[PDB]
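Visitor: What follows is each chain in one-letter form.
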Amino acid sequence: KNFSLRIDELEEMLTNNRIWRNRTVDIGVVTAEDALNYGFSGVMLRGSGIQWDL
Amino acid sequence: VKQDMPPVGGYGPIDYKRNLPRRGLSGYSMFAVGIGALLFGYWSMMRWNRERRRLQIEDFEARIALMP
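Quick note, the sequences are listed as chains A and B, same order.
Residue numbering for the first sequence follows the working numbering, starting at 2 and increasing by one per position.
Residue numbering for the second sequence follows the working numbering, starting at 756 and increasing by one per position.
Source of the hints: derived by calculation from the structure; they are not laboratory data.
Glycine included, every Cβ here is placed at the ideal spot set by N, Cα and C.
Be a bit skeptical, because a hint or two may be false.
[To be verified] Per label pair, the in silico range of CB-to-CB distance: (1) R22/A x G767/B: 32 to 38 angstroms; (2) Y771/B x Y39/A: 51 to 57 angstroms; (3) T16/A x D759/B: 38 to 44 angstroms; (4) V788/B x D35/A: 30 to 36 angstroms; (5) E813/B x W21/A: 28 to 34 angstroms; (6) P776/B x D35/A: 37 to 43 angstroms; (7) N804/B x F4/A: 37 to 43 angstroms; (8) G791/B x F41/A: 21 to 27 angstroms; (9) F41/A x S781/B: 40 to 46 angstroms; (10) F4/A x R778/B: 35 to 41 angstroms; (11) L793/B x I51/A: 24 to 30 angstroms.
[Stated by the list, open to error] A few chain B residues that don't get close to chain A, going by computed Cβ distances all over 12 angstroms: (12) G767; (13) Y771; (14) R808; (15) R818; (16) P823.
[What the hints assert, rightly or not] Anything over 10 angstroms on all C-beta distances counts as not near chain A; from chain B, calculated: (17) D770; (18) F795; (19) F815; (20) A820.
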């Protein structure tokens, strides 16, 4: 119970920020070709395209 | 008898959902607040500057009449 409230206050703090969003939007493109040939695993594959979970 | 750690009759509900208050103020009205405070300051500024020009012309008259 306590931690659901604290993580929602972290979303209050950081997610809706101007310059933190400006700090990480432009970078880190991952093509699905690259995500499947370069051997990426887990959170990269979730966050870039393909539906995949062990 | 058996004395493990079970859930006691099933626990109560657990919250997980996101929440944002979206406050707010209907920001076009907040622009109206800012422009109102701005024009308020300009009105009082105009009044004080013209009264201070009056007093500064009085000090001019002081230096003029004292001069010879």
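Visitor: Now tell me if each hint is right for this structure.
Guide: Consistency of the hints with the structure:
The supplied range of 32 to 38 angstroms is met by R22/A and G767/B, whose beta-carbon atoms lie about 37 angstroms from each other. For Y771/B and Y39/A, the hinted distance range of 51 to 57 angstroms is not satisfied, since their beta carbons lie about 34 angstroms from each other. The given range of 38 to 44 angstroms is respected by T16/A and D759/B, whose C-beta atoms sit roughly 41 angstroms from each other. Between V788/B and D35/A the Cβ separation comes to about 50 angstroms, which falls outside the hinted range of 30 to 36 angstroms.
For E813/B and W21/A, the Cβ-Cβ distance of about 57 angstroms falls outside the hinted range of 28 to 34 angstroms, so the restraint is violated. About 40 angstroms separates the C-beta atoms of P776/B and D35/A, a value consistent with the hinted range of 37 to 43 angstroms. Taking the beta carbon of each, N804/B and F4/A are about 58 angstroms apart, not inside 37 to 43 angstroms as hinted. Taking 21 to 27 angstroms as the suggested C-beta distance range, the pair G791/B and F41/A does not conform, at roughly 54 angstroms.
Between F41/A and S781/B the Cβ separation comes to about 45 angstroms, which falls inside the hinted range of 40 to 46 angstroms. For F4/A and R778/B, the Cβ-Cβ distance of about 24 angstroms falls outside the hinted range of 35 to 41 angstroms, so the restraint is violated. Evaluation of the 24 to 30 angstroms hint for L793/B and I51/A yields a failure: the beta carbon distance comes to about 53 angstroms. Against chain A, the non-interface label of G767/B is violated: not every CB pair exceeds 12 angstroms, the least being about 9 angstroms.
With a least CB separation of 6 angstroms from chain A, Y771/B falls inside the 12 angstroms interface cut-off, contrary to its annotation. For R808/B, the non-interface assignment is confirmed: its Cβ lies about 43 angstroms from the closest Cβ of chain A, beyond the 12 angstroms cut-off. Here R818/B stays apart from chain A, with its beta-carbon at least about 55 angstroms from theirs, past the 12 angstroms limit. Chain A leaves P823/B outside its interface by the beta-carbon criterion, the shortest separation being 66 angstroms against a cut-off of 12 angstroms.
The Cβ of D770/B does not lie farther than 10 angstroms from every Cβ of chain A; its closest approach is about 5 angstroms, which violates its non-interface assignment. Annotated as non-interface, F795/B keeps its C-beta farther than 10 angstroms from every C-beta of chain A; the closest such distance is 29 angstroms. Every Cβ of chain A is farther than 10 angstroms from the Cβ of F815/B; the closest lies at roughly 52 angstroms, confirming the non-interface assignment. Even its closest Cβ contact with chain A, about 61 angstroms, leaves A820/B beyond 10 angstroms, as expected for a residue assigned away from the interface.
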